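What follows is a single chain, given as structure tokens, in the form solved without the named molecule.
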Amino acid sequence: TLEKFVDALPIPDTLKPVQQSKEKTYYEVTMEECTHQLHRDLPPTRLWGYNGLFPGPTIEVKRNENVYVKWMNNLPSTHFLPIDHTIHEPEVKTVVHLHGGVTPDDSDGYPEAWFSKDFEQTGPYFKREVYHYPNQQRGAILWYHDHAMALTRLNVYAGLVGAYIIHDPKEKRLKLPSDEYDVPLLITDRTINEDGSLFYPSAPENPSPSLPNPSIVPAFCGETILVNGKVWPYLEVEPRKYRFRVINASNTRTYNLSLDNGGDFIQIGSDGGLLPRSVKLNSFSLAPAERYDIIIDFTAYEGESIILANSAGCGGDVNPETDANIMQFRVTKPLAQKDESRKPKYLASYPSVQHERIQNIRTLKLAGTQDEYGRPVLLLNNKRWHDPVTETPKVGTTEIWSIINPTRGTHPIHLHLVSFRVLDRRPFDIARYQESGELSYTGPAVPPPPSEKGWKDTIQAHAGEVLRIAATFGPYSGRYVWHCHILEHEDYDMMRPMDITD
């Protein structure tokens, strides 16, 4: 395998606006095929990148900043990863979704709002070339990536991901580590061929001869871990507090992160922004699309090399020599200035402070069937993507969604537009539910841990539990989506439209 901790962690440059005034900020980002070296010992890898970069440039905005991004497809007319046409026009379709964005529906990146190179062809829900992000939302770690119908797992794996940070000036007084000491960590697993080329499976292991070729697979587990586009990198840090914006940008893989010197993380934020109170953690789980906003305090570890370690398997136990490792910190950089940053306990209002009447309670079930080829097709509430819309909350109202998971695994459930509160999780009798559809609980409800007492938008629903969340649908109305954020599930076919009605 590739030798760990030999390349420095790249820090994506912050995107500069094409125009900027007090009233408006305007950016242009072009998707390009490009080559980048992912490890000291590899030939350059052919990739798809926003502005030809992997990851894409980091975009930083202020709360309420009036932002426009023209996202353009200048990709080749053919893909380089294996497309399975049996699961679902130009071959190469793209659309950018700002995940976590409180975004008008026609700038949200609907899967059928795709566009081919230079907008020559566009999907039936396409309305505009230049996306509008008003950013009228809490400070938080967002991220952007491709969301094209039936191609999301491939377009994202190709390299189309980047970070987007909203800064709320009202949080400045907290004096959290900032600027040079505030660093995104975009984690993506990949499998890389000897010649440096990306590998993505064209079929499951030992494909029945029934199977089409290529065939979609139900899960992707990469052999190698990359952070900010480099395989198992090191980062030289100063002996002081750092803030890290940790984003799982992987297709399937869930991570369970720790520090190998037994140091703590201080979680200050979740998907939807600052937690009410900081939380000291020795480890945390991070499923696809989740974000953790954390402080690591290197003050007491000068000289040390500390591995950000992973204990979660993907298709099997972790390998100590490979996917057990994420990156390495080296506490050897001289202090540029006194550490004047803080790690405050009191961060933000509780989500509970705000009282809301429950307009509706939906029960949703994670299910599926099997296709003519024998493959599993994963479905939300046994509906196809193309079935008439059933999730139709009213704008301005709050709902509890009760998500029933009788499957064998966790699924990270994501709703666009909104962030939400986690109410509780409760175990149930799976066999009974499958035979009769009757829900019998085998234990009391478990309220969220402190890490999930703030605002979330992507949430782990574990096997044999009912998960309840509370969301206020707004402030915009229109057509959005909800889906599993395991991309191999999302594309076949674990995604549904969501109408927020006025």
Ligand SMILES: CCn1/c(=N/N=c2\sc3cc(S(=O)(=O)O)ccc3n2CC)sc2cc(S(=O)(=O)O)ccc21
Contents of the next structure:
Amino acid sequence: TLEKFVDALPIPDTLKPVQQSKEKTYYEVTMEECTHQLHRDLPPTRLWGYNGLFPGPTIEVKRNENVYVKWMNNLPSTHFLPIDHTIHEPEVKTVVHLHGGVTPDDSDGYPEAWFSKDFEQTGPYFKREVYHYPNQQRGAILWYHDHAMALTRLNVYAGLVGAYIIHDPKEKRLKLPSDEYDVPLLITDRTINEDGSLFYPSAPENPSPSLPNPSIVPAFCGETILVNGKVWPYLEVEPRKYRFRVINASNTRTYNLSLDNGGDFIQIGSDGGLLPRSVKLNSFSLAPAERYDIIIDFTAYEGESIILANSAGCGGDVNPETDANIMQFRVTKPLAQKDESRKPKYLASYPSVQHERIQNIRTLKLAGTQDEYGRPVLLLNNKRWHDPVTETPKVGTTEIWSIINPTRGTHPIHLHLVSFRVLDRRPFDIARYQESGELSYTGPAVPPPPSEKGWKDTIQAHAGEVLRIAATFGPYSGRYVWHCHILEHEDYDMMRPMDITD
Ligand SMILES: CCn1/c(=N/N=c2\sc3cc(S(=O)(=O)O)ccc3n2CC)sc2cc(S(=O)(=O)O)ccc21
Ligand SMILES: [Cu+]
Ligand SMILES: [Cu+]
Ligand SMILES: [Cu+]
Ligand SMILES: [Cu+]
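Requested next: the structure of the form solved in complex with the named molecule (the form solved without the named molecule having been shown above).
Below: every chain and molecule of the assembly, starting with the one above.
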């Protein structure tokens, strides 16, 4: 296996606009098949990249900056990863979703607003080529990726991901580490063949001969961990405070991260922006699509090599030699200047300041059935994607969603458009729920830890629990989605439409 910590961490370039004025910023991003070396000892890997880059370029905006991005498909007409034709027209369909984006519906990248090369064919919900992001939201770490119906796991695995950072200039005063000392970390697990080509499985192992070929799989666990498009890389840092925007851009894998010298992370931010108060943590779980905005203070570790480690298994216990490792920091870079950054305690106003009336309470179950080939089909509330819409909140109103998970594992549940608050989690009797539908608690409600006291948009719903969240649906109305962000689940078929009505 590949030797750890021999390639420098790439820092993706910030995308430059094609046109910019005070009224409007316009970008163009083209999806391209490209080859890049993922490790010193591999031949170049054929990938699909935004502007031919993996990850895609980092886009940086200000709060309320009036942004447009023409996302274009210039990919080949055939995929290179295995497509299962029985879970759902051109073969290659793409659509770009800005995850976390407070976005009008027709710029949100609905799964059925896909487009093939040069927009030759378009899905039935396509309206526009040039997406509009008015960015009328809290400063935060967002990220962009493909969201095409029934291909999301493949197109994302192929390399279609990037970071998108919204900067609110009212946050400048906190003096958090900035510029060179503010670094995104997009984490993606991959399996890589000897010839350097990506491996994505064609079928579960020990395929029942009942199975079609290719067959979707319910979960994907990569052998190797990349950050910013390199296998187990190293970052030289100066002995001072750094901010990192940590984004789990992996298909299935959840990470549980720590520093091997026992140092602390200082979490300043969640999916939806700055927490009200910074939190000192030794470790943290980060499931697909969650983001953690953290300060790491390398001040006291000059000269040290410090591994960002991982304790969470994927399909097994972590292997100390492989997936127990993420990346390595080397505190050997000389100070370019005095560390004037800060790690304040007092970051933002609490979400609990808000007093909204509860218009409605939805009860949603995570469940599934079995198809004609014997495979698990994962379903939100026992509905298929294609069934008539049932989650129909009214614009401007607040709902509590109770999410009941009687399955064996966690699902990271994600709602488009909004960020939301975490109210609490509560264990329940699974066997009883499965036998009779009746909901009996085995213990009291647990409120969120401080990490979850701010704004979230992707939230881990653990097994044998009920999770309650509270969201205000707005400011736009329209047609959006909600889904498990395990892409293998999402595509079959753990994704529903969500209509925010007027
Ligand atoms: C429940 C969702 N889910 C999986 N489902 N797939 C299943 S469950 C299952 C049971 C049987 S049985 O009934 O014959 O026993 C046969 C086939 C099955 N398959 C098909 C292969 S695999 C998975 C891994 C992780 S992890 O990777 O994050 O640890 C997380 C969540 C996951
Ligand atoms: Cu996403
Ligand atoms: Cu999203
Ligand atoms: Cu799931
Ligand atoms: Cu989504």
